[PDB]
Structures are given as C-alpha cells and as structure tokens.
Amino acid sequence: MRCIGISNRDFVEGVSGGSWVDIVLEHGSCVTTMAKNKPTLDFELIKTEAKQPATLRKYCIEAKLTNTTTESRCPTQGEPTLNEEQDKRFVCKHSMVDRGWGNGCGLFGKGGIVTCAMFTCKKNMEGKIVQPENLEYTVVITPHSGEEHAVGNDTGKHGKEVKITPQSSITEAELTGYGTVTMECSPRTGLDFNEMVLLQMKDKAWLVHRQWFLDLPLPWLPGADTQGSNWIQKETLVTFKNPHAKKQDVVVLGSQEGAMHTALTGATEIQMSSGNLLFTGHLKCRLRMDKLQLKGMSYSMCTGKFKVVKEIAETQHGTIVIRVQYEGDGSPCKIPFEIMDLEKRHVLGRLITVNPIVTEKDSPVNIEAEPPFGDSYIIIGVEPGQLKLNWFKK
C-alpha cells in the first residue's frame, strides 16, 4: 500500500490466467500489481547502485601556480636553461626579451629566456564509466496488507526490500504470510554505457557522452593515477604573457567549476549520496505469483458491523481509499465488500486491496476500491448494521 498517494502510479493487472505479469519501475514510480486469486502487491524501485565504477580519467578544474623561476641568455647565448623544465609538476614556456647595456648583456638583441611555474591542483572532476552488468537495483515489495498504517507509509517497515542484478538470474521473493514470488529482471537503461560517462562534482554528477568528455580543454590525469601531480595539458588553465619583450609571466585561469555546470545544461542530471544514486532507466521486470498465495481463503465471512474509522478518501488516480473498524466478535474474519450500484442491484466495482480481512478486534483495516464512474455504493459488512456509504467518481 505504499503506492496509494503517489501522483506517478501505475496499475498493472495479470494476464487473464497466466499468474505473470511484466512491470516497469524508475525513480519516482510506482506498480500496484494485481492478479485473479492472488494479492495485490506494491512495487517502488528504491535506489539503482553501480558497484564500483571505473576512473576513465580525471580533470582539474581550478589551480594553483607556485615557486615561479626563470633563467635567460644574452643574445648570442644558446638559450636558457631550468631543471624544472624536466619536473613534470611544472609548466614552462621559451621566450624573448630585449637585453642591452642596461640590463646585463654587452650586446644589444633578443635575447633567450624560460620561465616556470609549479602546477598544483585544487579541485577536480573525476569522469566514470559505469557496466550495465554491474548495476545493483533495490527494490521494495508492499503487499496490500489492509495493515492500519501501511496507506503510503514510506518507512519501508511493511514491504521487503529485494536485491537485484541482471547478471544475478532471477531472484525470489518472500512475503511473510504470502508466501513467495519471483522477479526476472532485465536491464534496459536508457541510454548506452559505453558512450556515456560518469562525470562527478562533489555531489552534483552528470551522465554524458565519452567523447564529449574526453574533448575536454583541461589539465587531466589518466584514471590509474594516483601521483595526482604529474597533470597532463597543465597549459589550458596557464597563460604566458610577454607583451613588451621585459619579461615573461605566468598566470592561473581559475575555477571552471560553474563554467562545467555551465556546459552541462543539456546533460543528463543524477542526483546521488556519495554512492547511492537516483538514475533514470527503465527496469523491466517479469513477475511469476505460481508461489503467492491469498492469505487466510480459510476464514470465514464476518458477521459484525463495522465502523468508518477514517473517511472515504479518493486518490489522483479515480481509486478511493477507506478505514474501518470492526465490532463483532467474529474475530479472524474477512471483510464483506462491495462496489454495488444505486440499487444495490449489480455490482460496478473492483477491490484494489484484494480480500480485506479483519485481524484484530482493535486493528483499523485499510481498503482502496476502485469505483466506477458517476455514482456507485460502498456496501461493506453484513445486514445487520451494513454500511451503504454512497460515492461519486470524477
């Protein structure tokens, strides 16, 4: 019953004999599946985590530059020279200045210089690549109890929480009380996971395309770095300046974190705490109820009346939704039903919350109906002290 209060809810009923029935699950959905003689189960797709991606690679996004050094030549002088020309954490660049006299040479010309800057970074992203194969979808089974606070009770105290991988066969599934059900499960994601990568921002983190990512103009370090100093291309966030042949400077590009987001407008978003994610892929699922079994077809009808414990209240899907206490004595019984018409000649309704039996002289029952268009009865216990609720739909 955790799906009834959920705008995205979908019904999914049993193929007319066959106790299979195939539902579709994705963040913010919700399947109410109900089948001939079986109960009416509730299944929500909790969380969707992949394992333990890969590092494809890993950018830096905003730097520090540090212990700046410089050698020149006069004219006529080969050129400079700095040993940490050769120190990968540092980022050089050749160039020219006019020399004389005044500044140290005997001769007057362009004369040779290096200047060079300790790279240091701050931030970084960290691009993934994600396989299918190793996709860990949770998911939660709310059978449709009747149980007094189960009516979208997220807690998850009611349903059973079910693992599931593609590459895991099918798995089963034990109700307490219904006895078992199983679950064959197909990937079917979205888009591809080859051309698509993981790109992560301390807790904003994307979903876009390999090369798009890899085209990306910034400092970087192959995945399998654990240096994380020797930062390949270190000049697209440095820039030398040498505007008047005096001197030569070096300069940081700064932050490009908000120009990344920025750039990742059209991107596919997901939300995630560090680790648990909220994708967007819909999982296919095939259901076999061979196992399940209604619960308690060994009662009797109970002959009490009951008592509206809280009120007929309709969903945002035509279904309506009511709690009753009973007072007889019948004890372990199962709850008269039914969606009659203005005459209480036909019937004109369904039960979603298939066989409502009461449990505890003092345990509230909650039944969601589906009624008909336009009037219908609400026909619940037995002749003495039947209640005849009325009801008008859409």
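Think of the rigid core as the biggest set of C-alphas that the two forms share within 1.5 Å after superposition. Residue numbers count along the first chain shown, from 1. Compared with the form deposited in another entry:
- Core-based superposition between the two forms leaves all of 222, 254, 275, 318 but one with CA shifts under 2 Å; the exception is 275.
Follow the form deposited in one PDB entry with the form deposited in another entry, if you could.
One chain, no partners, no other molecules: that is all that follows.
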C-alpha cells in the first residue's frame, strides 16, 4: 500500500490466465500489480548502485600556481633553461624580452626567457564508464495487506527489499504470509552505455556523450592515474603574458565549476544531492506469481458490524481509500465489501486491496477500491448495521 499517495503511480495487470506480469520501474515511480486470485502488490525502485566503474579520464577544474621561476639569456646567447622544464608538475613557456646595457647585456636585442610555475589542482571532476551488466537495483515490494498503518507508508518496514542484478539470473522474493514471488529483470537500454560517460562533480552527476567529454578543454589525467599531479594540457587553465617585451607573467584561469554546470544544462541528470537519485533509466522486470497465494481464504465472511475510523478519501487516480474497524466477535474473518449502483441492485466497482480481512478485533483495516464514475454505494459488512456509504467520482 506504499504506492497510495504517489502521483506517478501505474496500475498493471497480467495476461488473463497467465501468472506472469511485466512492469517498468523508474526512480520517482510506483507500480501496483494485480492478478486473478493473487494479492495486489506495490513496487518501487529505491536505489540504483553502480559497483566500481572505470575512470575514463580525470579533469582539473580549479588550479593554483606557485614556485614561479625563470631563466633568461642575452641576445645571441641561445635559449635559457630551467630544470622545471622537465618537472611534469610545472607548466612552462619560452619567450623573448628586450635586453641591453640597463638590464645586463652587452648587446641590445631580443633575448630568450623561459618561465615555469608549479601547477596544483584544487578541484577535479571524473568521467566514468558504466556497463549495464553490473548495476545493482534495490526494490521494495509492499503488498496490499490493508494493515492499519500501511497506506502510503514509506518507512519501508511494511515492504520487503530485494537486491537485483540484471544478468545474474532470476531473483526470489519471500513475501511473509503470501508465498514467494519471482523477478527476472532486464538491463538492456533506456540508453547505450558505450558512447556515454557518467560524469561526477562532487554530489552532482550526469550522463554525457563520450566525444563531448573527451573534447573538454581542461587539464587532465588518464583514468589509470594515481599520483594526481602530472596533468596533461595544463596550458588550458593557464595564461602567459608578455605584452611589452619586458617580462613574462603567468596566471591561473579560475574555477570552471560553474562553466561546467552551465555546459551540462542540456545533459541527462543523475543526481544533485548525495542520496537523491533523479534519473536512472527504466528497469523492466518480469514477475512470476505461481508461487504466490492469497491470505486467509480459509476464513468466513465476518458477521458483526464495522465502524468507519477514517472517512472515505479519493486519491489522485479516482480510487478511494477507507479505514474501518470491526466490532463483531468473528476474529480472523473476511470483510464483506462491495460497490453497488445507486439502487444496490448491481455490482459496479472492484477492490484494489483484494480479500479484505480483519486480523485483530482492534486493528483498523484500510481498503483501497475503484468505484465507477458517477454515483455508487460503498456497502461494508452484513445486514445488521451494514454500512451504506454514498460516493460520487470524478
């Protein structure tokens, strides 16, 4: 009954006769399944975890320059030299500046100069490769028990969590008291994980095209890298200036964090917060129910009377939910329930919370049902003090 209240809720039924139904689950979605003489079940995808992906590449988005050093020669004395030209942590550039008596040389002319500065990354983002085969999904299965506190309860302590791995065969789920259900889920698509990259910048994350990702004009490190200091193409976050031929300067280019966010505007978002998976694709599972059975079909219709404990309320999909309490001494018994026409002559609506049964004299029971458009009567209990509640839909 976890789904009652969610608006992105889908109602699914199987092929008449068969005991297998196919459903699709996406974060933020909810699915209510039904089948002849089978308990109604609610399904919700709680999490999508990718177990250790490959780091295609690592980009620097904010850096710092330090230990600037420089060397220079006089006209006709060749190029200057710095050992830092070999230290892969440093970025360098050669250039010319004016020279002559006033600054040390015997000749006036252009003399070589070389400037180097240590480049240290302060913030970085990673591109990872995800393969469908290894994506674990956590799904919560909550059956329509009618339990006092189950309507829309997200605590998860009414449902049964199951972990599923796409290409790791069938998964078995034991629903206490109802039997056992089976799920065969398919990874295959929503999108292709070969030409796409999962990009992570702290708690934010998107799925982007490989090409686009590989063409980002930022300093980088190969996926395999550990040291995290020998960045390739540091020049992309650096700027060398020698405007008047007097001296050469180097300055960092400033955090690209936002520029990135701005360029990722049109990209598929995965999550903005630590534990708020937004999208993840559509998970398809085939549900087997031959080993699933209704609960209490050994009972007899109660004979006593009921009291409305929580007035009839309509959900965002036209179904109604009501909560009644038994006052009869029948103990474990089936609750009489039917939706009749204005004159109580013919039956018009169906139960979603099929096989409503009391379990304890004082444990109220929730019943979801689908009345017909227009007028109808909700008849609860049997004759002596039988509840006859009128309702109008949509």
